[PDB]
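First comes one chain, alone, set out as structure tokens in the form solved without its partner chain.
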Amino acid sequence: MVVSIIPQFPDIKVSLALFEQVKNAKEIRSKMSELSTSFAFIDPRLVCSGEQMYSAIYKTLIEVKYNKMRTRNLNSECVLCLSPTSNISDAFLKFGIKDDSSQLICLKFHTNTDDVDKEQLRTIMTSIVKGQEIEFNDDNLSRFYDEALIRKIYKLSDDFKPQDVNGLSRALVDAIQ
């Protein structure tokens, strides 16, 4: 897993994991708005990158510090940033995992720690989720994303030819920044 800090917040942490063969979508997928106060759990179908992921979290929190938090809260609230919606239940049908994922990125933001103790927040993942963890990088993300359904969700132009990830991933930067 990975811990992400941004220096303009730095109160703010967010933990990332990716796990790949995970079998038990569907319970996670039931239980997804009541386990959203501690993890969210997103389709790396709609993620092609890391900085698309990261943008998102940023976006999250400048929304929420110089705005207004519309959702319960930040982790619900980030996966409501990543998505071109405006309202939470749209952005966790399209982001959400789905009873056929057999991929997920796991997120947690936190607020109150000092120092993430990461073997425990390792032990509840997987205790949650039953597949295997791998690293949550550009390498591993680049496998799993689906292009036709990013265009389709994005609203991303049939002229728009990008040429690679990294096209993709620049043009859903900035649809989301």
The other form holds:
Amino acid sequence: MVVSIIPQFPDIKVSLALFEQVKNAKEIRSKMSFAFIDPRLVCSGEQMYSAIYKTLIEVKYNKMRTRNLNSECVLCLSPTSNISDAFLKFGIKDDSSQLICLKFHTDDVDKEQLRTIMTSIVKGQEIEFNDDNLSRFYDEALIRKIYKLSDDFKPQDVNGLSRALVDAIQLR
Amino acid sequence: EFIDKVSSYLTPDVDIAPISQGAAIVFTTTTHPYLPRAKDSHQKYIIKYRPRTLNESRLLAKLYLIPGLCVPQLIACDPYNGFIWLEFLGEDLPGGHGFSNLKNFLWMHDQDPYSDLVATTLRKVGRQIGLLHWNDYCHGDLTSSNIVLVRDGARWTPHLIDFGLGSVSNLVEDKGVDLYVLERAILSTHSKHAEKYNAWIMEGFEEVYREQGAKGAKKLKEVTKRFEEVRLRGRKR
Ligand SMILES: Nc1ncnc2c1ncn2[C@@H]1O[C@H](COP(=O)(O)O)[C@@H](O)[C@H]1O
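Hand over the structure of the form solved in complex with its partner chain; the form solved without its partner chain is what we had up.
First the chain shown before, then all remaining chains and molecules of the complex.
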């Protein structure tokens, strides 16, 4: 797992963990503090971190729309402003076999405790949160449909696709 | 006071160096606005602060999606406080000839411009403008300072910056005025070679339109005609 800070927001920490071979997504959903995000829609750390940035800008300088920072970040991944749509499309699904587990921490985070909590919730195998692993699980076709990308847009690589998604996130 | 307010907004964790102030203030920073330290991919970035930010950000994002158009990456936007973070484009020219915008590149080569490098680079500048206009966008402030050359081995790749006055537009009048502003900016150096530079740029512009078959040919005639009218109305009569 990774623990990160956005430079202009020094006191807020965010933890991110990636799981594969997840067996109990249906159970997790039925028991839904964390955000549980569908990696099929996340191609890079750049994209994920741009949404964390947007979340904090929106909450500090505009208006929070949802319950907390974790839920606000799921909304900020989306290109559009309907909260239920964002939760459905970017949140895990009953059939999810991977997930991203995200939490905002508003002191230093107790990592051992955090790992224990996540493992008590998720039946699956944690792997490193990095671009090599995110590149395994994103679904470009689904991303194109959800972010409304034209077929004429043909990035040569993941960085190119990521840049379009960051744009959508920043301009939502 | 601007420096106080920006550094307070960013906090002391973000280094800043001012590089330009107009009637927006522009900084560089080595700090990425959201990727963890050392997980980013570039030495430095641009912060553009307006004490409009939305218009420019929206245009940069739309243009990126158009095949062939070269614009800086929109990294982050805070429209509530007037900040845009951008990819840093260009570099210092060797021999103290300055930042690699088109203006400085032309000055550097002005004593001996008849080379494959210069002609090819200027044709590529025209191609960028051609793509912009073909797709019904307008730059609004198309000077030789808003065209930035990015090094690609022994070649240069022209990019467009500063879309503060940009717009979506299918008006040929807008297109002619964009072309005229660049033509005049290039002429304003009084260089003996300025007419040739503009000729090479127009070659690149025309190539883009002619690549679009009969439809492109008709649209090009429209634009070039209006451009001629703008030139006529541009000086005392
Ligand atoms: N993306 C960029 N990369 C490098 N330099 C830039 C960039 N954007 C702006 N600048 C510099 O800042 C000056 C003013 O920018 P602007 O306010 O966009 O006209 C430009 O003339 C450039 O020298």
